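Consider the single chain below, provided in structure tokens and representing the form deposited without the named molecule.
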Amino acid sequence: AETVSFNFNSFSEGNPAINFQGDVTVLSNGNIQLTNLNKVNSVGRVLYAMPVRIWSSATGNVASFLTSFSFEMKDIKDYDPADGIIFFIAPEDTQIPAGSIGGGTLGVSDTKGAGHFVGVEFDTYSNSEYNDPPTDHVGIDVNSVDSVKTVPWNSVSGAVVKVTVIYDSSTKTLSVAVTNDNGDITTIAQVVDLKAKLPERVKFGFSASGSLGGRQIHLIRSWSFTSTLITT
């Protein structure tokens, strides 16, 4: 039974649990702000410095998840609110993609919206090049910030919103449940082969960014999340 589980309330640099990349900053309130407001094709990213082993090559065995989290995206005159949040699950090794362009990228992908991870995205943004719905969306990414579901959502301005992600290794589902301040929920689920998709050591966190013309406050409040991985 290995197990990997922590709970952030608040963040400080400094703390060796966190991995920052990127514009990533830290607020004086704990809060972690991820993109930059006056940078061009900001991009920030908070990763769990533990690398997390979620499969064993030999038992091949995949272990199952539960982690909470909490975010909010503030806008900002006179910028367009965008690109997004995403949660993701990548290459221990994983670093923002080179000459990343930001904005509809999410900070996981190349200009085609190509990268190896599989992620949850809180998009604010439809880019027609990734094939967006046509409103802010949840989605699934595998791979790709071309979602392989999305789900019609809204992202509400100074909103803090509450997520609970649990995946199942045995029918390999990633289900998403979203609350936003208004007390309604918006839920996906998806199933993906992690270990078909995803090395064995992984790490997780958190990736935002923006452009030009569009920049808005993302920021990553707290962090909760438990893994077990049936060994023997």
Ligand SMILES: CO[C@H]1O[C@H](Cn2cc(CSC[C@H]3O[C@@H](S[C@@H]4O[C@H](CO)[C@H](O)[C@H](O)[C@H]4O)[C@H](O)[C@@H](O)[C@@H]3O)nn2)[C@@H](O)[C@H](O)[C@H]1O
Contents of the next structure:
Protein chains: 4
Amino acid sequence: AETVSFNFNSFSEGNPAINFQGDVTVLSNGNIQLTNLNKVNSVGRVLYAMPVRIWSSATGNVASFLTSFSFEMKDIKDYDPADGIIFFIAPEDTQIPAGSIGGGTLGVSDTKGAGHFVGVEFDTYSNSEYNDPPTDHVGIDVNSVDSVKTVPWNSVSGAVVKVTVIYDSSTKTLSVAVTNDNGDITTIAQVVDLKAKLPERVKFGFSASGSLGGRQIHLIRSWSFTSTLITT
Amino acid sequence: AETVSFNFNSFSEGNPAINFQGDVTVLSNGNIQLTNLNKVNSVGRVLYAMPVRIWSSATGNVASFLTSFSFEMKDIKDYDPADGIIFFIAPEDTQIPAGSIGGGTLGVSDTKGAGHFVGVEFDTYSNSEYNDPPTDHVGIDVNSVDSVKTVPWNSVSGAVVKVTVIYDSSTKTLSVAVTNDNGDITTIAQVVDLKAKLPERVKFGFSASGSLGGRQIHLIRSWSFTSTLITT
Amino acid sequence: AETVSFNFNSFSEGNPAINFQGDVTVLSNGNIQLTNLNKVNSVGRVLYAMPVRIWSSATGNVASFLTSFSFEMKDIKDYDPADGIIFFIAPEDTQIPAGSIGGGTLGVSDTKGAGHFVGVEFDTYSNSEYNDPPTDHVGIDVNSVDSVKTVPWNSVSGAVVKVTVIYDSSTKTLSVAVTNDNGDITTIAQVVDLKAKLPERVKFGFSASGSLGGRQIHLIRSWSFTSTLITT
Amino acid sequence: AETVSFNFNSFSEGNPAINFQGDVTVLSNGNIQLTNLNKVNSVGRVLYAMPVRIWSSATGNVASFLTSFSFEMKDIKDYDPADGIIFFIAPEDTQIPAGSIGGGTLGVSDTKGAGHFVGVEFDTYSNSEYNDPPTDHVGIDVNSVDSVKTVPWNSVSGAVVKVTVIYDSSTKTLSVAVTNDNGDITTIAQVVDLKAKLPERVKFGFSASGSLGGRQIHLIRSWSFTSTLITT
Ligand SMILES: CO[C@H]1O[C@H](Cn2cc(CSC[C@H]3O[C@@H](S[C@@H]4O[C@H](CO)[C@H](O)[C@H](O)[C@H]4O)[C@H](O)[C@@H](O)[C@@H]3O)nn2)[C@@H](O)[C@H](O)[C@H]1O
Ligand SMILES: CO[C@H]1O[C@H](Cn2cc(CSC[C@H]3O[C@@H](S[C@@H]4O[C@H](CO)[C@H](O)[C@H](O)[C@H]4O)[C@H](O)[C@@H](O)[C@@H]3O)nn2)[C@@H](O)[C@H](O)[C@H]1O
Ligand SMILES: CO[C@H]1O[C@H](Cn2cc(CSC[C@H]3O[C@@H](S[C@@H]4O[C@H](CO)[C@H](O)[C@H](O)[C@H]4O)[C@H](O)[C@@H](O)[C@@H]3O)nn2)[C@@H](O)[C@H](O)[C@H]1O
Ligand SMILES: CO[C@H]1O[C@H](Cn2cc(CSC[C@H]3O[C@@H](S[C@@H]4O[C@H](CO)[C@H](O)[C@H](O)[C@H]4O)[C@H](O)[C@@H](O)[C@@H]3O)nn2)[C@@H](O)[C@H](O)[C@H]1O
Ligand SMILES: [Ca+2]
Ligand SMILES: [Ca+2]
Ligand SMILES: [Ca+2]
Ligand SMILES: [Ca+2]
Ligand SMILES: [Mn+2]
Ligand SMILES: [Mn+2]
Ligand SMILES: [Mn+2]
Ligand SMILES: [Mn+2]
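Mind giving me the form solved in complex with the named molecule, seeing as the form deposited without the named molecule was just shown?
Starting with the chain above, the whole complex follows.
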């Protein structure tokens, strides 16, 4: 079997293992800050630099994966706390969309909300243009920020949030468990055919964005991942 | 919302949070040993002592849960390494079945392989009488040790195994990710309607068994659990 | 180490984590109302259902704990605002004393004011029979509603009160900080040997009572608790 | 009564309510980082800018207080994670000791470990010169980093730690409860006569230090405080 495994307890600027895109910076404490608090339509993304083979064209086999990460969103004075973080999967050549308006696009889609990715968004602003539910939510996205499915959630300013994701290749199920500060868990699951929506090799990572009036601290604190593709 | 949250980094006798059933002992290192290596058809089970309200007849709501545990199975001289461990959910009055033959029943079912439980088994012996697959396997069990679904797996003697389980109440999906010693991940997922198969109040735990010729060390090393029920 | 931890942001009927005793009800907003406003000598108590092992006869070790809760007392028309709330610790078999007169006994003691418990009372009626100070007071109680120590306090009708309690096992100190509506803090601390006054296994909870002419709303709004016992 | 009350969910270097001393910086995420990771014998301290009157030469009365704060210590590559954080109380003219060697002094004492302060240290290095216990520990310090009392503790890299402190003026007891990431609680309490050891007006704050080979990330995430002095 073919296994990709890594663990980040902290992150650093001089690390070739991470691709830094756009407005992302690494703080002295080791956290990744995705957006620039002084920039209009700020977009920042991080990707695990090695492409991951999620399916084989030879066997037709699809990989399963288990991933865990921790993040924090914090309100800043005079700005609407927006727009949120998306944990995404995309083709290995993925870049911030050209002329990205940030905001509701979460740095992965065009103005109409379309792109080439599969993601788990932690959405803190209701964009009517992307049919967002009225409150903070966790969504499962397939090539669109107009989520296939959402669950109500609450983004607590300055709270450390823990996420666990399981992709089961046999049932094609993407399952997410989110652990809040008040200790409650929020879950969301959706059948997503990764072999049909994404290429053989993909990159995994995080994206966040803001607009002129919508900005907040988006921090990635830790990330562990394991994928296993059966090679028989 | 109604949340049950606990964490065991180790265990101890006299801890009122744990119900000990049958042949279970607590080792000096804090590990729970489920079976007695000198007993024929040994059965040992541990349960979280407090009943958990997994669903409500008033709202129709079903809880979601995130749980993680680590276990170890070790071969002993002469005996066939058997029979395995099951992480199970059952009515709050659950007891080892009367006249239990241990073995392939994994301490949760009768001789015909039937019982009242939902479980995730880590099965190390192929029982043709319960239509077991030919190799070691992880199974999803619904009132029977004749699994609704299995996945090939490999039980490595003396290896510490990590498990993560997500139950998403909205899709009724039970998703399991198993992390082996060699670094590979094994997953299995099944739609299981807990509200249809179990009562409102349940107990969560682990069970293991052996026969005359089939015996091995079955150890529970750690257990964390969070369940949330929407109260509306 | 052996740790018991929980956090209630709200409450619900049928939650098996909570034992309801006497006249307790759960309001639609999630608050617990301890007494029945239409009953003479009303007594209501809530207990965390799982026993907590506060000390071990084998090691001689005593647990430390940290707990925080919020409550509200509100006057009702015609009745004298009485009698108050007690946060208490008692043997795991604890029940409302048989033939309880409610009132100044706070639902934990007999008519002479004696019982088997350790508590922190938020007393709103001066019972000369229990040597109560002349004004509202916070008291530390050891097997009696005739407090070992009190501090003057003021119970404001309809005000949300926040309490924090620390028990340090090494010094045997029970420390209490009460945050009033006007922003001031009230503290009270007393050396209490829990190992000498209580059994190994105990229950934690809240009790409130009233009399014929002494009735008020007694509400428990939230409760978080963590205890840790050092094990062999 | 005289009450001082404040709450910090985030900190800014610009704000006048806080005094910055030495190598302290404010990160864009709002956290205070006490030491400079690239400096030998780095010392950084923070203080609530307004002096708080803890006792009165007119009445003899001593204030009680309740304070809560959260911190994080994180390991850095190639350096020994040292030396720790101290929550301290000192005269209003307090400054980093002249020619401070950082290290085991925690930025509050001279080379011999003496100074003018009362503190709660979260010590991560064993300095035999200050009679430190062999493991990580929480200590209560009175004019010395040779603690009046310590309790074994464990500093987990990248873990958010919650602390609650109660000072009860009547018993002169300083009680501390520390909530770890593994869920366990650590407590320590000591009788400290603040009137005898400190002036009437004092400053409250945090200090951290490192040395040549001993460095780590020291972060203050939040801080709440309330003190009440009886003026009758
Ligand atoms: C008739 O057709 C023409 O005229 C249209 C008329 N129009 C448009 C408008 C106002 S547009 C809505 C508001 O939106 C925010 S952006 C928003 O901020 C959030 C944080 O609060 C989040 O970050 C979120 O993600 C992000 O999207 C702006 O800043 C603000 O100024 C503006 O009022 N008012 N009139 C125009 O649309 C057409 O193109 C053009 O052809
Ligand atoms: C015609 O009908 C009558 O005769 C039947 C005839 N029978 C039965 C048998 C042999 S039964 C199979 C073997 O099984 C193991 S048990 C096994 O060990 C594993 C570890 O290796 C695992 O732990 C596993 O979980 C556990 O099940 C025994 O120990 C061993 O001795 C035995 O040969 N041989 N003939 C009988 O069935 C009927 O009731 C009766 O009416
Ligand atoms: C000589 O000996 C005999 O005669 C005694 C004579 N007695 C007794 C009395 C009056 S007893 C005091 C008053 O008390 C309240 S109860 C009170 O209400 C509060 C709210 O306002 C709080 O809730 C508080 O906690 C609760 O206690 C009653 O309702 C009220 O009617 C009554 O006047 N008057 N005479 C009797 O004691 C002896 O047993 C008997 O042998
Ligand atoms: C005979 O008398 C003369 O000779 C003495 C002889 N000496 C001294 C020494 C070695 S001194 C001990 C070691 O200490 C660390 S500092 C330490 O780092 C920690 C992180 O790991 C923490 O941060 C902690 O807080 C901090 O204290 C240094 O970096 C390292 O190089 C050094 O070996 N070796 N010989 C000298 O003492 C006298 O003054 C002088 O008169
Ligand atoms: Ca949005
Ligand atoms: Ca089997
Ligand atoms: Ca009274
Ligand atoms: Ca030290
Ligand atoms: Mn959305
Ligand atoms: Mn099986
Ligand atoms: Mn009283
Ligand atoms: Mn020390």
